[PDB]
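Below sits a lone chain in structure tokens, taken as the form deposited in one PDB entry.
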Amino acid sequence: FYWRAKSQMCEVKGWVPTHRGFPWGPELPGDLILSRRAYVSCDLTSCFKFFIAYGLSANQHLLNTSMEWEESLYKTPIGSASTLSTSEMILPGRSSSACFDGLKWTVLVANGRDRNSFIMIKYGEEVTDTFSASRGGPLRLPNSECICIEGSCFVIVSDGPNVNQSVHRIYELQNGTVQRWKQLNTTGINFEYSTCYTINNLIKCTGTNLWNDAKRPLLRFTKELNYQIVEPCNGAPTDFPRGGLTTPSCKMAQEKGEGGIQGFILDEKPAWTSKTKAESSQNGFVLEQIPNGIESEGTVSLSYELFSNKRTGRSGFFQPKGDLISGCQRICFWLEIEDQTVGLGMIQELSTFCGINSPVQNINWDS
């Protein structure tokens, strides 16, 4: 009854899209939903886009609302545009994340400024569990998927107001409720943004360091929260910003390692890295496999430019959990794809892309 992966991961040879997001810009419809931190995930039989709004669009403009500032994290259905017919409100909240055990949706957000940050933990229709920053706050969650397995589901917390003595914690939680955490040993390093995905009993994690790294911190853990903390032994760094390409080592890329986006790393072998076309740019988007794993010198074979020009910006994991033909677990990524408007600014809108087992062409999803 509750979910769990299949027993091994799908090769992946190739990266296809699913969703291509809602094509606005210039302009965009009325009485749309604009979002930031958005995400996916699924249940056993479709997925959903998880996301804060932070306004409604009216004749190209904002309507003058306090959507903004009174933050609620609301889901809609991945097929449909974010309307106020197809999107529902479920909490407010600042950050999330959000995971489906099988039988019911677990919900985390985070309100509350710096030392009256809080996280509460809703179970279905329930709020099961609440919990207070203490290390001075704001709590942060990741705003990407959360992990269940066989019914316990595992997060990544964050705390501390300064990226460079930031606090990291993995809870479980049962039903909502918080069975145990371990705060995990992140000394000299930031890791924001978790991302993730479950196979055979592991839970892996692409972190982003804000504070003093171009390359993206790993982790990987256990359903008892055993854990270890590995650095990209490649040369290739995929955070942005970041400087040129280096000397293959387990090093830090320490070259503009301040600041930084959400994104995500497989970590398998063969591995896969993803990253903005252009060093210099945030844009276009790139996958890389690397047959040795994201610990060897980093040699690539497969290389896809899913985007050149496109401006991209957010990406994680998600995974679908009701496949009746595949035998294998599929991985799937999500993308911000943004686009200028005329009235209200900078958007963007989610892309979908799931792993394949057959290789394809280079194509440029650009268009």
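Superpose the two forms; the largest set of C-alphas matching within 1.5 Å is the rigid core. Numbering follows the first chain given and starts at 1. What changes on going to the form deposited in another entry:
Candidate set 44, 63, 328, 300; criterion, C-alpha shift of 2 Å or more between the two forms after rigid-core fit; matching residue, 63. Relative to the superposed core, residue 17 shifts its CA atom by less than 2 Å between the two forms. Core-aligned CA deviation for residue 356 between the two forms: less than 2 Å.
With the core held fixed between the two forms, residue 27 has its Cα displaced by at least 2 Å.
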Given for the second form:
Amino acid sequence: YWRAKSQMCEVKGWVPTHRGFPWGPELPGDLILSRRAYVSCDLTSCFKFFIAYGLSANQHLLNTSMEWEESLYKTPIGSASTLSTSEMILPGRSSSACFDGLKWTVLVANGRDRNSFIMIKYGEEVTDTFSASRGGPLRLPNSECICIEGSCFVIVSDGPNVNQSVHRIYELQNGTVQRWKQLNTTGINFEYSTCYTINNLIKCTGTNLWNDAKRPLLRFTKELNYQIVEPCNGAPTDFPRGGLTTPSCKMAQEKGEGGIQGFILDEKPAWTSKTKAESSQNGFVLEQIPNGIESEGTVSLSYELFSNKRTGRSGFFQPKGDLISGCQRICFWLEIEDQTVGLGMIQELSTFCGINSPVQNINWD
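Okay, that's the form deposited in one PDB entry, but what's the structure of the form deposited in another entry?
All you get below is the one chain by itself.
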């Protein structure tokens, strides 16, 4: 029964733990094509979880992209996702996974419309199911769920419309629903939750696909007492987004429609993340805000990890081990396009971890 360590490690920079090489114009045939990938770790190692939809042998024979028969797979971090290296878990359209210290809890959502429902698996057996309450498709955040002392927490979205979506925090134990809390999210939309835990608190960053280019933030406790916070920055981090504005706790309404999964490290000094410019989905920059993200958006540190690389989803994951540090590490994963492979068929899932040491502002392009 894993607990996050006593304190957050001081973060002064981010270094990549996983970053591969170009898989070239032509691919081998046994690679699995994926989307909505994320990272989750057990006590020894970390894993890629992804929604598989095709084989690389059909690189040029498949629609881009395909909303057909999709299935959740897992692959050891460090290994390429192939038919010989990857393991099927469940059929699914979106998913979440987490390790409690004993077993893996895996959630998948299947179906669109009212027939949509969620399956929960706990170490090799399906343990629980529940159906949609609000008509629309049930949606999992495609990110690590969070486990504390045998209790796992995950946010499920429901509702057919972005202008009337509902969102719930579910508490699970052994793959069984114990209880949930429906959130008052009126006025906003909270999709693609990516979360992390610190000192028995869970902090999640959301994505507003409706009316905001700023990212809504969620903080809650084991008793599901919650608070939703809006960044008091003037710098939107969603994509798409508008330009800089005067700092205020007002939502960023310009180009609020749309969005992509992304993260905000809501701590004592805060870390923000976004594409380099709002005109294009290229590059990735991390910026430190000492007074927190509920302050004015005053940047002390700015790292440009990528300049030209086409960038996509990003989210948190926490390594559950660290036999060397007495502090709780924080890491994030990030989709980067292998431009040597046409049509965005290959989004590498890169990973970065925070370090207590400052680092060069190196470009990883």
